[PDB]
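What follows is the residue order along each chain.
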Amino acid sequence: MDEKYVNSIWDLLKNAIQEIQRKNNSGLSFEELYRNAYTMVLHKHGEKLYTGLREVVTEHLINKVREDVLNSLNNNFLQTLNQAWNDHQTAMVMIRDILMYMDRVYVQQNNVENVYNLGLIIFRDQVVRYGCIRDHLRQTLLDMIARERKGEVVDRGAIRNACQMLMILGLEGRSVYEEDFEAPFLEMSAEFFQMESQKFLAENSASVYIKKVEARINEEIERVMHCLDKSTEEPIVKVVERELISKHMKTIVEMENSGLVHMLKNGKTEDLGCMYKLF
Amino acid sequence: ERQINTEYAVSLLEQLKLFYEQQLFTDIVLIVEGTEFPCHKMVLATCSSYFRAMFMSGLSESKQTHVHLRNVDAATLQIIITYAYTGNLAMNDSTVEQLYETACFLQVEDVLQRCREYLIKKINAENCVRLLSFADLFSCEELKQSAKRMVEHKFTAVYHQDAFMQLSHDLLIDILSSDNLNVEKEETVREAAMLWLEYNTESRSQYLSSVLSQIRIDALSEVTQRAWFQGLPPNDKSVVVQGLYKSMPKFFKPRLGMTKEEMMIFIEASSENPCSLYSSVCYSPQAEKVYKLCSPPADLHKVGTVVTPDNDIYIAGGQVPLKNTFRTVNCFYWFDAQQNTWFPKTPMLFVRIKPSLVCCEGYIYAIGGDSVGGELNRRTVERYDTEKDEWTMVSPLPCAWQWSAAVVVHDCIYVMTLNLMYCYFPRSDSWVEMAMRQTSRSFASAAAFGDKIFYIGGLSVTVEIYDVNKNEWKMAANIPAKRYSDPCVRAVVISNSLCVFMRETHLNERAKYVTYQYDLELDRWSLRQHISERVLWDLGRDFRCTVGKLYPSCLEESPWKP
Numbered sequence: 025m026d027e028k029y030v031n032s033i034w035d036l037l038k039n040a041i042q043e044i045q046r047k048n049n050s051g052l053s054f055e056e057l058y059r060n061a062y063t064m065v066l067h068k069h070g071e072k073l074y075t076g077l078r079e080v081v082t083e084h085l086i087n088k089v090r091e092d093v094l095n096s097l098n099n100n101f102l103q104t105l106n107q108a109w110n111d112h113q114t115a116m117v118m119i120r121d122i123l124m125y126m127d128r129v130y131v132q133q134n135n136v137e138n139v140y141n142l143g144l145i146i147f148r149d150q151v152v153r154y155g156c157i158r159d160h161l162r163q164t165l166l167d168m169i170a171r172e173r174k175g176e177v178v179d180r181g182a183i184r185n186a187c188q189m190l191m192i193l194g195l196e197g198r199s200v201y202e203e204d205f206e207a208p209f210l211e212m213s214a215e216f217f218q219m220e221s222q223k224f225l226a227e228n229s230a231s232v233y234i235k236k237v238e239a240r241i242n243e244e245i246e247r248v249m250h251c252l253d254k255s256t257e258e259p260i261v262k263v264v265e266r267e268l269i270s271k272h273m274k275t276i277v278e279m280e281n282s283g284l285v286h287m288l289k290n291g292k293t294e295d296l297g298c299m300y301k302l303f
Numbered sequence: 006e007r008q009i010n011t012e013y014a015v016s017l018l019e020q021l022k023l024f025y026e027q028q029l030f031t032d033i034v035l036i037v038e039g040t041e042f043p044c045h046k047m048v049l050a051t052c053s054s055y056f057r058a059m060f061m062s063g064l065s066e067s068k069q070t071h072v073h074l075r076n077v078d079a080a081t082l083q084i085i086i087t088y089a090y091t092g093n094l095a096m097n098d099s100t101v102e103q104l105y106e107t108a109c110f111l112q113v114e115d116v117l118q119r120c121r122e123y124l125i126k127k128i129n130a131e132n133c134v135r136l137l138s139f140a141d142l143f144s145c146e147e148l149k150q151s152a153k154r155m156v157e158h159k160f161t162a163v164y165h166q167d168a169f170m171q172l173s174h175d176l177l178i179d180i181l182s183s184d185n186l187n188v189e190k191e192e193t194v195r196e197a198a199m200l201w202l203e204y205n206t207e208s209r210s211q212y213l214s215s216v217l218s219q220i221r222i223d224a225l226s227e228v229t230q231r232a233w234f235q236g237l238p239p240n241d242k243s244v245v246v247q248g249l250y251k252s253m254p255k256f257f258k259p260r261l262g263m264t265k266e267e268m269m270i271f272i273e274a275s276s277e278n279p280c281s282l283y284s285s286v287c288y289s290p291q292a293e294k295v296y297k298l299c300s301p302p303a304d305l306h307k308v309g310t311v312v313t314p315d316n317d318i319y320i321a322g323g324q325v326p327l328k329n330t344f345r346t347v348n349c350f351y352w353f354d355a356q357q358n359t360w361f362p363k364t365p366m367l368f369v370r371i372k373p374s375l376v377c378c379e380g381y382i383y384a385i386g387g388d389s390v391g392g393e394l395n396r397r398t399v400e401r402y403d404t405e406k407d408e409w410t411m412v413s414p415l416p417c418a419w420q421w422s423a424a425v426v427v428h429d430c431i432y433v434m435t436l437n438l439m440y441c442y443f444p445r446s447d448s449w450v451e452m453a454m455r456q457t458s459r460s461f462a463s464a465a466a467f468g469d470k471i472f473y474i475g476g477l496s497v498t499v500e501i502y503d504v505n506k507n508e509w510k511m512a513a514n515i516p517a518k519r520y521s522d523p524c525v526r527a528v529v530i531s532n533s534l535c536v537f538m539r540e541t542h543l544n545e546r547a548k549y550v551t552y553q554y555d556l557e558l559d560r561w562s563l564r565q566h567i568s569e570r571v572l573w574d575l576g577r578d579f580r581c582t583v584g585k586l587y588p589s590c591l592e593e594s595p596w597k598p
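Residue numbers (PDB author numbering), protein chains in the order written: chain C, 25 to 303; chain A, 6 to 330, 344 to 477, 496 to 598.
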């Protein structure tokens, strides 16, 4: 029909979506919006609808969550981030339902990502990969994981929630999450384990150091399998071995004071067994 | 997966149907222009992808039991609901459009796919542009493409459809700018584009530029340019300027429909690879080349051919080996002139062996061919409807004949046997007795050239010419063939001139292919062209011949060493 009719339809649909984004879907009518999406995509105006959806979503994000995260960067930063992620997801549920009715025809014809993937991408671009939020999140996660490694206990379910959030934000696999979280955490763990091995090689001998490094590996793999994502272990354990064992192998078995020769001369069976099972 | 359906799923669905028809355990009712449809939310959630969001999203409509759904038909929603309680769609041929519209509105994927298949199978002759605009309205790649090609093929022969006038620009641009126009001339598309903007001259002068440019320089002649000029709305200056631009640029190239070379389609040839038995190839009279075709079933043989006046190829009947660790099938197929494939059609009702298909008055007539026989009568015939896509029983043959031939002359059916001939009147659906031949010959075929039937061969070189206006059989001459041989004669029309395609075979000698030019008043087969063995190899004995136009670019040459 005329442009005024479709403009009014799009205006009312945008108003209804804005309400859904403000958690006011209880007073919205599923029929009215589905029929309007039907009569909108029917007239071959899906491009305008998609562009308007993207614009409304990114505007709502930049106005609400970009301000909320930057306003509470020190008072429950990760908690507010997880809450905003959950709100975005629970709104994009219905948003994706309607615009998935739209997505069938649109993405099967125009060959583009779905609206759920569109929301995930725009969220990744406007919140997580922000110029300031990204570095702040990196620094705070490194600080809290270092404080956890120091010996004192902190919250652990929140880290699992954040890692699952980043994994879902990847939206294709382990491309972004393995880079935004692991890459930095890897350098920090490298420096930490290097300093730890350098401190252990001088303060102890080849007798009690092996049990300590075994306990360290056990607690590290347990934290990585319980507090982090599902695979999470190949590069972590590779770098941990390359830092600890590849450095202690040359000096701890030959120097002096009950290394490998002395612990074999006196006849220590458990020492040889644990050294064989570790190396 | 661990899940059954033997007397447990069917029982569950029957209990759900009983609860529905008795109006039991219903918690949601659909209001459709005053009509009430009490139903359940579980079935609507498992069937439609829209009702799941209608009942899941915490909203006012989810809570409302009296939901007022509009922009939907009552009968269509009722049939969708009953398909959601029985699985039986039972769709007709008239309400398919509104049913598909309501299915796309409600996002019911299974019935959507069902209606899509039903529509893609039923693009016969007329609803082509209509369902094409339908698939343009509701983006449907499958329908869109089949309908696109269907229009490229038939639209370029009528170019006078009422639904064609009511088309969106982008669709018209895609249709006209494509290189799949089955037109032997370039002015027909020009005048078609003209009348598309003649019913909307002045009003639609914006498209009168893009569509004009689409026809290209081949038909953007100074004459039509100046015509459109003197015809436009007054006080239009820049329009003439932009029209003058369209004459030299934009890649004038030849089209594809002009390559309608009258060629020679063949079936059941001597296959090259010993893993295959037979093959279907073609011969070019002018290009002097041998093209190949894809086998329609790829395992079934003993088929019959027919060519409509619109240059269409069909295949009916045939036998296929049972492949246990030759069974007869009544399947039907049609050859695509561009995709080099075979799309099946409505199969026959009787499994025929080598059926003789004849085209007349737009209908396909399959005369005899072992429809299946085991009685004193048996003589039967089944005709096909190219428009309604169905088989219609007609008056059966008067006498039972084997290894017979049938042609069409002057919009009438003529079947030839050993010595008798009957003319089937399509208007009255009856057989009238015709002249009898003085010679008893079988295993031969006849050709319908002009107003005379030329029954050639039989067991030989018997040339018995029959005329319809005269109703008499006469002899003309004997074809010049080498002695001590068994010629395989093939009579067919070519270039509006009666010719023959014969092959001679001797003892300890190779086969030779050569076509001769026969004259009516001379009674002699002048040497027209001798098919060289360097391009064509042996064919066999059970091969058939028919005349038809094909495309060289779509088909592929048959590789064979000279």
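Read the hints as simulated data drawn from the structure, not as lab findings. Even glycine gets a Cβ: it sits at the ideal position worked out from N, Cα and C. Careful: at least some of the hints might be erroneous.
As the list claims (entries may be wrong) - Coverage of chain C stretches by chain A, computed from C-beta distances (three or more under 8 Å per stretch; other residues unrestricted):
| # | stretch |
| --- | --- |
| 1 | 42-56 |
| 2 | 176-182 |
| 3 | 196-210 |
Unchecked claim - Below 35 Å or equal to it, Euclidean Cα-Cα: the simulated DSBU-like pairs (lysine-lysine) are:
| # | chain 1 | residue 1 | chain 2 | residue 2 |
| --- | --- | --- | --- | --- |
| 4 | C | 38 | A | 242 |
| 5 | C | 38 | A | 46 |
| 6 | C | 72 | A | 307 |
| 7 | A | 68 | C | 88 |
| 8 | C | 68 | A | 242 |
| 9 | A | 258 | C | 28 |
| 10 | C | 72 | A | 251 |
| 11 | C | 68 | A | 406 |
| 12 | A | 258 | C | 68 |
| 13 | A | 297 | A | 307 |
| 14 | C | 72 | A | 297 |
| 15 | C | 72 | A | 153 |
| 16 | C | 68 | A | 68 |
| 17 | A | 255 | A | 159 |
| 18 | C | 72 | A | 68 |
| 19 | A | 153 | C | 68 |
| 20 | A | 307 | C | 68 |
| 21 | C | 47 | A | 46 |
| 22 | C | 72 | A | 127 |
Each hint, compared with the structure:
| no. | hint | result |
| --- | --- | --- |
| 1 | 42-56 | holds (count 8) |
| 2 | 176-182 | violated (count 0) |
| 3 | 196-210 | violated (count 0) |
| 4 | 38/C to 242/A | 43 Å, violated |
| 5 | 38/C to 46/A | 28 Å, holds |
| 6 | 72/C to 307/A | 57 Å, violated |
| 7 | 68/A to 88/C | 30 Å, holds |
| 8 | 68/C to 242/A | 33 Å, holds |
| 9 | 258/A to 28/C | 43 Å, violated |
| 10 | 72/C to 251/A | 32 Å, holds |
| 11 | 68/C to 406/A | 32 Å, holds |
| 12 | 258/A to 68/C | 32 Å, holds |
| 13 | 297/A to 307/A | 18 Å, holds |
| 14 | 72/C to 297/A | 49 Å, violated |
| 15 | 72/C to 153/A | 26 Å, holds |
| 16 | 68/C to 68/A | 32 Å, holds |
| 17 | 255/A to 159/A | 27 Å, holds |
| 18 | 72/C to 68/A | 32 Å, holds |
| 19 | 153/A to 68/C | 18 Å, holds |
| 20 | 307/A to 68/C | 49 Å, violated |
| 21 | 47/C to 46/A | 24 Å, holds |
| 22 | 72/C to 127/A | 34 Å, holds |
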